[PDB]
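This document starts with one chain, in the form solved without the named molecule, laid out as structure tokens.
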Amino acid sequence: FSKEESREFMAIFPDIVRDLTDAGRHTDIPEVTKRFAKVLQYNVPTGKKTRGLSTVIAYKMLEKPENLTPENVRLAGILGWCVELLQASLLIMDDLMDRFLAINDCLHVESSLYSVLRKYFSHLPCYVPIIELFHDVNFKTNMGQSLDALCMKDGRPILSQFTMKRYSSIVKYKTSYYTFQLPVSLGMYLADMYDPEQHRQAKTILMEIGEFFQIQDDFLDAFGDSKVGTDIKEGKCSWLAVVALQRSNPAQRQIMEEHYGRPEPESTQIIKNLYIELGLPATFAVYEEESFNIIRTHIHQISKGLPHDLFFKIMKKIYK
């Protein structure tokens, strides 16, 4: 993302806060409105904002050059901030589950994106497709979070649940829909691209990119150079654990059963030692090459009048 893109995007955030905390309306509840301004200011604008900026990039690469006015690029930025409000509601739910922030702040921040959509988009043709997309992505993300939770019982990982089929479903529902599909489908709708076949072709490639993203992330959690990775300690349904269980003989399976998802640092080292023994680094190297090649092929094959450069830009951001 360019300096211009990053700065124009960040310039919108203070307007979003004023919009949601009823600036100019003279509210009967100033103390709780002032608190909500702090909830937004403290939790929404501080990250890398990759999902929000991806919404702007998608719109710029899908729209006709002649329709790329400062006004339309700003609307794309506002949609990007709606994605970042959803991201913030999900990160807040994570902070609450890990332990100023109240439990209902995640519901409140999620609800706030619909107020922003109504303010800026209610008179445009893309309004109902956009609100229906957010509704559907919200429901699917909740299904993904619940599927992830069904891999744990009484504080212990259920290793029988750690299948590649279940892993692929968790990544798709919990992460890929809101992280990869939502920004691109928002860009398409703002560019008045409603063709189901176009949305379907984009979704197919973006779910593939999303799966590589999460597998790379899972690999680096254990084998990256250090934040310090806690997936093993937390008993997470990670690609490493799924492939470990595929490759394990009964003795190796017993090591996973005894030491996976334990608080003792020694147990994390025992699992890392097993991942090394099982050749998960070499397996990841093969997956990375084969997955990159398949995704590059599918992007080159993209039809229905969709631009390739958008998907290559997204892919190159993940693989580098």
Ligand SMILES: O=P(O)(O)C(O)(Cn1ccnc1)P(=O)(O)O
Given for the second form:
Number of protein chains: 2
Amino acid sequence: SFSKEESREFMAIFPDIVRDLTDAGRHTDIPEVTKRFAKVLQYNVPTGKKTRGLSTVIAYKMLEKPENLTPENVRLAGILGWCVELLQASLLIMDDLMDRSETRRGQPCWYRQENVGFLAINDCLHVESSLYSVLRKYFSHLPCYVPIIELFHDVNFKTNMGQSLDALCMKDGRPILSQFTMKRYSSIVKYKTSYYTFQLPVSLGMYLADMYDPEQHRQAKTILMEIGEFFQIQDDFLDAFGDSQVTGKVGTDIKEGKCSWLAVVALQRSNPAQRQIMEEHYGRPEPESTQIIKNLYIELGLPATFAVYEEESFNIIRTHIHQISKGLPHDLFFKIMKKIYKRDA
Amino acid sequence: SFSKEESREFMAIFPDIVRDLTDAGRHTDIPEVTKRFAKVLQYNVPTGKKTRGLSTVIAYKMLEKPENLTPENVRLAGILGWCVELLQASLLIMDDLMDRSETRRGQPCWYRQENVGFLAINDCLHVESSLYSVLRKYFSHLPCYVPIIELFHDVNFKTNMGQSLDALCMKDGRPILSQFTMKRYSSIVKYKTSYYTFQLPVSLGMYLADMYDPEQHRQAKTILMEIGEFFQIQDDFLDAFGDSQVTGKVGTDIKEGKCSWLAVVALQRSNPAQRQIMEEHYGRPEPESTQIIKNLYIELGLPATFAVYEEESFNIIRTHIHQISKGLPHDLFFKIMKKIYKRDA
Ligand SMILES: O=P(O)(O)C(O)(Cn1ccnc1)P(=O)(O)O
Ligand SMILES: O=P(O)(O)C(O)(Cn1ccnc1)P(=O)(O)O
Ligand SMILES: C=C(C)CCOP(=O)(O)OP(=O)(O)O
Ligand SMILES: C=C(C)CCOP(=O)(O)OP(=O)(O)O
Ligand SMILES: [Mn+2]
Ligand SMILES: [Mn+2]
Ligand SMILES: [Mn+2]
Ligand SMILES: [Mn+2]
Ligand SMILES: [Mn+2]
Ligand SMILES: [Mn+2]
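Alternative state: the form solved in complex with the named molecule, after the form solved without the named molecule:
Now the complete complex, all chains and molecules, led by this one.
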């Protein structure tokens, strides 16, 4: 689980994904575009932490019968993991344009790079569509094919709903702070993050292991939605308080007026003077307004508030994993939480 | 074909599609975004001429055995046509962002609406993903289900390749005029327009009629790519010479430095002085420069050249239809060509 050997095995597949999409004897009349797409893939797909792709393989190895774990079936789980990584890559290209971000994975965001700009918009769609080409190549003769493509379809649609709810934080250049509740927060993160980051890898592992029981899927979902909310709260903490040299990205949530966990908790914790600071300075383009909000988050003790929350929530989620039944391996969920707890990136 | 009653039948399906995507008892925890998505669909999907969707129905009606053309199967063909219209709607949202366009279908481009902006990228992805939900609801039981899903994903990938070749007209803010050949042009149009506009409707009609022979799809493709080249050449002519109140869109190709048909033929026809006018003024945002290029296009006689092309190409394509397999209905291709060329004879 999240070992050097598992990482080597997963990265070994990446060159074959690139070949499948750009050098498989198709589209031989437009090599300018196919060579450029190979670069799109090289830059935007493989330089993250790869937790979703690696989790797809770990889920499969922990769900499948040991006697069925052939080189070929483990490679298929890795290919499914790369299809989740293509989905992630696509989402981040669009997200960085929508959030006016500077850096991603330690480099300038794709849309900012020389002679990219608005080309990043098509590249996002192209990366998304490419995962279905990979699924068709490897899975089209297997019983899991239709469930897998339908799951990717459904998760895409849900992720788009979450990305829209996330974007509705601002109207006419001011944040809708009266609506920044923990209820709204939980709904945003369920849709924009939890389905594609946590539900999708585990459901893919289940499908490849010929596990289709709707009740087993629903019990995995309940715990993976809790893990997803936890994970997004960590992401929100890193936006304001992370070291951008370690996280690889400069935060934008304050300037973009987002209904982040920090904003929700700041509103819960603020006295009336602090609430007026949020009303005046949250979601503004001016660097001085964002620093006023960061200084409010410091004064409120939001770093220590997050640290306590993270520890308390880690323990609650593990209590809930202990209560899982429907024949699901508790250690799969424990390994996912161990990997993310106390992360700084 | 392309009659008022056929339009009535087709249009009646749209409200059912909107209900399927926004008011079918799903995602009941996020009514803010489902209600917004209904508005996205209303603005962006049924506001065109519906040639592609209507053509899907006509293709099915001409390819299926007459004895099998039940109201129910004709309605299925209509649903597939609306899936093509969801793909069109998505592509135009993103295209208008990429092309920095003002109007589409006689209203502001979606991204220009208040509280839209780069959220239009997310709306584009959401509208395309929608069509796969529609396919699952209505077609999941039929032999054609997987081929239809795969055709949509393949056509999306190809269209993305075409959109990227189209975008690579400019480098470092100046057009790559030496590369603006008719060979490059024909490649751009094949990928960015012809597959999704002409091949997709016909191949969908074929699949719904249980026609899986790749040779029948390929015979159709030869004709449909020729019609697609005229359709995109007409679009390019009207970008400079159309009336925006009639076309519903303000042209941008000169300012954007595009490898349009006008640019390609201008470079073929230009004397050295005229080529220097293209070098200095093509692909510039300054309105003087764009008017100087339009004046060059007039001086070169490009309007008459286009009118000759519209007449000659109709007659060349008609001759080519005569040579198609006796196994395909020649009149389907004649009907498509007559509608695109606005001719009864
Ligand atoms: O905070 P976001 O939701 O924008 C983010 O987490 C990306 N994202 C998009 C949807 N779910 C997550 P990132 O901080 O990586 O920019
Ligand atoms: O000229 P474009 O290719 O941008 C266009 O035809 C749209 N489009 C996009 C792909 N194929 C066609 P429109 O003139 O409608 O803006
Ligand atoms: C859902 C979220 C928080 C987006 C970023 O995901 P990661 O932090 O896993 O980013 P990468 O490893 O893929 O770069
Ligand atoms: C491929 C092209 C030329 C894009 C516009 O297509 P239409 O002119 O068919 O657009 P709508 O009817 O859908 O508005
Ligand atoms: Mn972001
Ligand atoms: Mn975001
Ligand atoms: Mn974030
Ligand atoms: Mn355009
Ligand atoms: Mn365009
Ligand atoms: Mn055009």
